[PDB]
Amino acid sequence: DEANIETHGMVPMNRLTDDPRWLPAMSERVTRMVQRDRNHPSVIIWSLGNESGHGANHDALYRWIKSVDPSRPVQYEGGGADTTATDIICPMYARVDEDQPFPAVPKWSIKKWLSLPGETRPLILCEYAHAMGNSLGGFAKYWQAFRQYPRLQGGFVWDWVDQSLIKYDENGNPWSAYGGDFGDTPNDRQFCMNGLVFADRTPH
Amino acid sequence: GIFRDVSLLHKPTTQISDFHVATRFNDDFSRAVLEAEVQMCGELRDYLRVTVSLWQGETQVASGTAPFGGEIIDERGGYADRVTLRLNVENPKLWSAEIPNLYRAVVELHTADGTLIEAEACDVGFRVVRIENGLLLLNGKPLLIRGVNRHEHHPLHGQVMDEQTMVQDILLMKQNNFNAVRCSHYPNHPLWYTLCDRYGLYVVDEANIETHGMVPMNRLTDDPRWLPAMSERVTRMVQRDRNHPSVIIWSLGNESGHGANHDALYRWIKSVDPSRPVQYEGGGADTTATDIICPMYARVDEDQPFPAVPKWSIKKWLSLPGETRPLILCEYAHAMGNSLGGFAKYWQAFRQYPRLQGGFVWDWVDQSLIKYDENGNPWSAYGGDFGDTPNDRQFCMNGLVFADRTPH
Ligand code: NA
Ligand code: NA
Ligand code: NA
Ligand code: NA
Numbered sequence: 411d412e413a414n415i416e417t418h419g420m421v422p423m424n425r426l427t428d429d430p431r432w433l434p435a436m437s438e439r440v441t442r443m444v445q446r447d448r449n450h451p452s453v454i455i456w457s458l459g460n461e462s463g464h465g466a467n468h469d470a471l472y473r474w475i476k477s478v479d480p481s482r483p484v485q486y487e488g489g490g491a492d493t494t495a496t497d498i499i500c501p502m503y504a505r506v507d508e509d510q511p512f513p514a515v516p517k518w519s520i521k522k523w524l525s526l527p528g529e530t531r532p533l534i535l536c537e538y539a540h541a542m543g544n545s546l547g548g549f550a551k552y553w554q555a556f557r558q559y560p561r562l563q564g565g566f567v568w569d570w571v572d573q574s575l576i577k578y579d580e581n582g583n584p585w586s587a588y589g590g591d592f593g594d595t596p597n598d599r600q601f602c603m604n605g606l607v608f609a610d611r612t613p614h
Numbered sequence: 207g208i209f210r211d212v213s214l215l216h217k218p219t220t221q222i223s224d225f226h227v228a229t230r231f232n233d234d235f236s237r238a239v240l241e242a243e244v245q246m247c248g249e250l251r252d253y254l255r256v257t258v259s260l261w262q263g264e265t266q267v268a269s270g271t272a273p274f275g276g277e278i279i280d281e282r283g284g285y286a287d288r289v290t291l292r293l294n295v296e297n298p299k300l301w302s303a304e305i306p307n308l309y310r311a312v313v314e315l316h317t318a319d320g321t322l323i324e325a326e327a328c329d330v331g332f333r334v335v336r337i338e339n340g341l342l343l344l345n346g347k348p349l350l351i352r353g354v355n356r357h358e359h360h361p362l363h364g365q366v367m368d369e370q371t372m373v374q375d376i377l378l379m380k381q382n383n384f385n386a387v388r389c390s391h392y393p394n395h396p397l398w399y400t401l402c403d404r405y406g407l408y409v410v411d412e413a414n415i416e417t418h419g420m421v422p423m424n425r426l427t428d429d430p431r432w433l434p435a436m437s438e439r440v441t442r443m444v445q446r447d448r449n450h451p452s453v454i455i456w457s458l459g460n461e462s463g464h465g466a467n468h469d470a471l472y473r474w475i476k477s478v479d480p481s482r483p484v485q486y487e488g489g490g491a492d493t494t495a496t497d498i499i500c501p502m503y504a505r506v507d508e509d510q511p512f513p514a515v516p517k518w519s520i521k522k523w524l525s526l527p528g529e530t531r532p533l534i535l536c537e538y539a540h541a542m543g544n545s546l547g548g549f550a551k552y553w554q555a556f557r558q559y560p561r562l563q564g565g566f567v568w569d570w571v572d573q574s575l576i577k578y579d580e581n582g583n584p585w586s587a588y589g590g591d592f593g594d595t596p597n598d599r600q601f602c603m604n605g606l607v608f609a610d611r612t613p614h
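Respectively, the protein sequence lines represent chains C and A. The opening residue of the first sequence carries number 411 in PDB author numbering; numbering runs sequentially from there. The opening residue of the second sequence carries number 207 in PDB author numbering; numbering runs sequentially from there.
Don't read these hints as lab results, they were simulated from the structure. Where is the CB? At the ideal position from N, CA and C, for every residue including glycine. Possibly wrong hints are sitting among the right ones.
[As the list claims (entries may be wrong)] Among the chain A residues that face chain C by a calculated CB cut under 8 angstroms, a handful are:
#1 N339
#2 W432
#3 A435
#4 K521
#5 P560
#6 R561
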């Protein structure tokens with residue numbers, strides 16, 4: 411269960427989440443989620459949101475959750491996927507064997523990530539195996555790793571269903587549309603369609 | 207046989223009986239303290255003095271003089287027959303396999319009025335070896351062990367070692383980008399360590415304990431009746447070799463399972479010499495008797511799940527729940543004949559993974575022996591060629607170089 415906090419477009423990504431003036435707003439999105447959903451057994455992990463960097467507000471709200479509901483781990487990928495605001499190493503699109511050494515937020519090989527000095531947490535990818543169109547090449551490598559490594563406990567494929575929308579031709583025929591087909595500009599054309607199933611839930 | 211040197215040593219009645227050198231550093235290795243503990247035997251007298259002088263070539267960099275009598279250590283007092291000199295060295299030249307900077311420590315037992323009774327001496331290398339946050343550090347930097355296992359073997363003289371062969375080996379090793387050697391599986395000829403101090407090789411000094419043939423392998427090492435014997439092999443090694451800077455790691459032996467005697471002697475080493483990590487591969491390579499995960503022939507990516515002593519993939523091994531130690535293979539890349547296939551995979555892993563800090567190839571030199579044909583021609587022989595039976599025919603030849611030190 412994930413709080414409705416994403417500030418991906420900020421520069422830097424944590425401009426708001428490191429700002430105490432936005433701590434109230436963020437808090438409401440976390441606290442009110444927990445207060446609503448904490449009795450559901452299906453919810454096994456709390457998430458502080460997505461792609462909002464790593465700021466002190468995350469640390470604060472992490473600790474708040476841990477204090478009010480210690481029955482569930484808290485995870486958060488922002489700020490390098492292994493910050494103090496997560497109980498689980500939860501990277502996005504970390505590869506099995508290939509390192510991606512980005513400045514300040516590297517995406518290590520998940521195998522390597524587990525063994526970094528001082529690292530003891532489990533590793534569950536919050537996003538992997540980007541199913542954009544004709545994709546999921548190399549999925550078996552992930553699952554071989556998951557089964558071989560105890561602390562590689564899986565991940566969440568990105569993603570379930572294409573976010574396409576239905577438009578209608580001049581002849582009334584429906585067709586599937588993506589970014590830019592509604593005059594929306596700027597837009598990220600077909601990156602809305604990353605699903606294992608079509609929007610009508612027909613499988614890829 | 208008597209396969210190492212035999213000597214006579216004449217000492218005075220009042221003599222230096224033991225001396226240990228330790229080096230302590232500040233956070234950036236700009237300041238060092240050489241702590242020299244000197245012990246005497248014979249008649250104590252208030253005019254006796256110990257002077258410890260430290261030299262860089264012909265330059266005296268530090269010195270210290272003191273009468274005997276150490277500090278109070280328990281309710282009965284201190285050691286009247288010991289003294290610890292603490293010498294300060296500013297901006298010491300640090301010892302490493304890359305730059306084997308050495309000082310000369312001279313320990314003079316003399317009188318107050320200046321008469322020299324005797325003098326002992328050692329080469330001193332200023333370096334710190336410690337495991338920090340899962341990494342083996344030398345002088346604050348993580349090591350990458352380009353190591354090889356080396357038996358003391360000569361095709362003509364067997365297990366008799368000479369200086370010339372040692373030097374030949376060290377030169378070849380350094381010329382082939384080795385920086386470390388494992389004394390497989392026993393303390394080496396003394397000179398070895400000196401040469402490694404001088405030329406710059408990291409040394410794993412290994413107690414002469416291997417019980418591989420026992421069933422189970424720890425039948426003796428788990429038996430307290432064999433704890434004395436084992437102890438002598440460990441303790442007397444440390445007491446002999448603890449002043450050599452080249453020795454960076456102690457090993458409790460090889461292929462003797464995991465028994466309580468190992469735990470005891472591990473702790474003994476850690477108590478007497480906390481300046482060096484202790485490793486031991488037996489009992490699964492990750493037991494309580496080792497500071498370093500030191501498997502034999504663990505593969506890079508392939509698991510070998512043996513009962514009770516699995517050989518995990520080294521990458522996987524690092525990440526097992528609760529595991530934080532560095533991983534240095536005590537033996538890998540078995541160079542038996544036409545071999546070393548897949549070596550690059552090991553080195554890719556070593557460079558990618560911080561806590562994979564290398565290993566020791568098995569091994570340096572083929573253990574072949576020279577026999578002679580009917581026509582007087584020499585040929586290289588292996589197990590079974592001397593009527594020895596049972597024998598392990600050619601498994602004695604696992605070297606990167608031939609017995610004559612010609613490279614494979
Ligand atoms: Na797993
Ligand atoms: Na998308
Ligand atoms: Na490494
Ligand atoms: Na062999």
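Status of the hints after comparison with the structure:
1. Hint status for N339(A) relative to chain C: holds, with the closest Cβ pair at about 4 angstroms, below 8 angstroms.
2. Taking 8 angstroms as the C-beta cut-off, the interface hint given for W432(A) is violated, the closest approach to chain C being about 36 angstroms.
3. About 38 angstroms separates the beta-carbon of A435(A) from the nearest beta-carbon of chain C, more than 8 angstroms, and the hint is not met.
4. With 8 angstroms as the threshold, the beta carbon of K521(A) comes within range of chain C, its nearest partner Cβ sitting at about 5 angstroms, so the hint holds.
5. Proximity of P560(A) to chain C holds as hinted, the smallest CB-CB distance being about 6 angstroms (cut-off 8 angstroms).
6. Using the Cβ-Cβ criterion of 8 angstroms, the hint placing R561(A) at the interface with chain C is satisfied: the shortest such distance is roughly 6 angstroms.
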